[PDB]
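*Asks:* Since the structure of chain A is already known, use the hints to place chain B on it.
Residues per chain are reported as follows:
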Amino acid sequence: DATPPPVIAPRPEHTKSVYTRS
Amino acid sequence: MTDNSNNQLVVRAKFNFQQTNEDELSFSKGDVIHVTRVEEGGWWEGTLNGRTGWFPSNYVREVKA
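Residue numbers (full-length UniProt numbering), protein chains in the order written: chain A, 183 to 204; chain B, 179 to 243.
Looking at chain B on its own, in the form it has when it is part of the complex:
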């Protein structure tokens, strides 16, 4: 509404990634994740249904419908 503008960066899971705790974000081929902090190459943080935490940028790719 305020911070989120100029089209949000949407990313889609590539490979089946496994989490370790509620601190890390889990995702499987298909589950979409909304980025909240996108840096210049590295680790990206996002949110998912019942799953919230950090996620790699190499196992995910910027998706756009």
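Next comes chain A alone, as it looks inside the complex:
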């Protein structure tokens, strides 16, 4: 098995993020 360095999907300042997430 090999774990990928990039953890969790990307989250830019635009497009994504709605009503604030945590």
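Just so you know, these hints were derived from the structure itself, not from any lab. A virtual CB, placed ideally from N, CA and C, is assigned to each residue, including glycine. If a hint is listed, it holds; no wrong ones were tucked in.
The calculated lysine-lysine pairs, modelled on DSBU-like cross-linking and capped at a C-alpha distance of 30 Å, are:
1. B:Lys192 to A:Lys198
2. B:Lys242 to B:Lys207
3. B:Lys207 to A:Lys198
Listed next, with one range per pair, are the computed distances between beta-carbon atoms:
4. A:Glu195 to B:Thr198: 15 to 25 Å
5. B:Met179 to A:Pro192: 25 to 35 Å
6. A:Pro188 to B:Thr180: 30 to 40 Å
Here are a few chain B residues that sit away from chain A, every Cβ distance over 10 Å (derived from the structure):
7. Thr180
8. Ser183
9. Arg190
10. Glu200
11. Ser204
12. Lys207
13. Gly208
14. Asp209
15. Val210
16. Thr214
17. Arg215
18. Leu226
19. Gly228
20. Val241
21. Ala243
*Replies:* Frame of chain A, contents of chain B only:
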């Protein structure tokens, strides 16, 4: 039935992810999630038993039995 066709994209949780509210979808290594909106790399939305909300695509992997 109408929109769901050509085999549905099924994904399986990899690591133990923790939620924050009923708005986010929680899932642990094993819990399967049905995708309802799969975009080109990024955040994917799905549904789960008593758990509904968005979920990362990096902590999940397309599963197929």
